[PDB]
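Single chain ahead, written as structure tokens, the form deposited without this ligand.
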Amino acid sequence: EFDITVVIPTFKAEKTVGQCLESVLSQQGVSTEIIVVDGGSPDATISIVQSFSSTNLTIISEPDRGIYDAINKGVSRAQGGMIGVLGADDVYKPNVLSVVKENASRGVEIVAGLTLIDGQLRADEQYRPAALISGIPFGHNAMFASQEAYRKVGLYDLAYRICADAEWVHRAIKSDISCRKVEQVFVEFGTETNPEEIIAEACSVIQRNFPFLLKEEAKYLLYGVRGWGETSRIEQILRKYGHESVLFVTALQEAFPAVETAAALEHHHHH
């Protein structure tokens, strides 16, 4: 019945939620359901949401355990073939939902696009093992995933208050969920937290892929691949742990091509 469900978590969003909804409702070539999951907004948010056509829009209004619990509630009730998550201060660009529908018609499970943030493209990485030593490879709000993808991977892990999006995409990579990256802007991400908290979660996510890593080693790899830190110890880390996991060797050789000759040795010794 619906090609797309858009889940919109809202909290005190009266300034932007109208623009957000208009960017979904104007999408051509698709049948769309909207599920607004509101976190208890005491402002005009509810009034503004109810000003739009209500036929294919549901508001879920109940207590939550943070934004990812709200997202999970919406994903669980989605009826659309492909499911997107759009923040209440984000907007989709024109014709994006038709692109998702067309590429999903061929059976692809995740369709993701580019993200515009403060006038610059998000520095995306590829969906591949090298992402498993980093964060989420594309912006989460530029991602659409099928009903089957959500069934296979599961829901967002509420232990991660910030990086549950990355942890979900990493689970998808590890489960071989299919993904198409489209090189056009799908979302303009609104920009209106303690960085140490973000770092701690990001390192924990990486350790969930590679549990042999110390926290400081996960941090070194993340900073290396993102271009935030040095890379002179990568070969040492590869020799320390290459025996543990062929996937780890593959991730480092993809992320740091300069260690290809050392990665070839790890494959030769153990894999």
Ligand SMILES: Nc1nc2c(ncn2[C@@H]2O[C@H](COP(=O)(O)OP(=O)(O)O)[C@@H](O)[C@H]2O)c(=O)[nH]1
Second form
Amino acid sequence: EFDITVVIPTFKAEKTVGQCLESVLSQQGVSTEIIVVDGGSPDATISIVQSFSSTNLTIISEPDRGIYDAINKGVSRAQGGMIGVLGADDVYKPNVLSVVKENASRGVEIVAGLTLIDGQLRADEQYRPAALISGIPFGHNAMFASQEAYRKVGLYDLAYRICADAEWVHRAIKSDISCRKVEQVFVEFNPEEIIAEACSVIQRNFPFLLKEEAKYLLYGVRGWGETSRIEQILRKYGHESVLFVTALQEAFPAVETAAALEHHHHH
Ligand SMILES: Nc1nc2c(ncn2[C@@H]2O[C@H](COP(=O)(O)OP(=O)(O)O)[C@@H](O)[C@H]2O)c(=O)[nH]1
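Output block for the form deposited with this ligand bound, input the form deposited without this ligand:
The next block holds the full complex; its first chain is the one shown before.
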């Protein structure tokens, strides 16, 4: 019954939840359902959320196991054609929801836009196998996914408290979920732990990789580290997976002559 469902997880968000919801309620040209999944805030959050138009607004307020648990509860209740997730410190830009509706009209399963972070565009990557040796290719809050996308991919993996968004998108890529990237800003707003989860997520695509080899690939694609061992890694594991060969030749087009050699002998 709704073009869009916006899932907003909140805990102690009294400072910004107003600005967040104003960015959703003011969206013109769409029927929007809002599901606020609050983890039991003791501050003004519940009152502020209640100060908005409640017509299509549901409030869940109960303990949960973290951000992605709250997101899962909201996604599970969503009735909209496309489902977005907005943090309480985030805002959608004007007209974004209508842009999502328009770009979804042919049945694409994911519609993703750009993200503005401290006045700079997030350095996004393409939605393609090459993302599988990296992080999430677009900002998770700039992503909208259909009911069928979530039905087919499933829910967010709570084992990942940082990078569950990346792991979900990688599962989408591996499931050949369709995606359309829109070159418009949709949303504005312990490294060792982040790196550990990101390596783990990459290894869930390619279980033959050592953690250090997942790290090398990740730093390689992101431009944080050198790439002279990429060909070595390709020769080491190319026989394991055509997807992995495809990912490396997409991420590092210069290894094409070596990639074709892997394809030719094993795939
Ligand atoms: N329901 C729920 N929401 C949370 C929890 N922790 C954080 N949040 C909310 O999740 C959103 C993002 O949290 P934040 O600390 O900014 O993490 P980040 O934006 O993903 O880096 C905000 O809307 C918070 O209110 C939690 O344990 N439960």
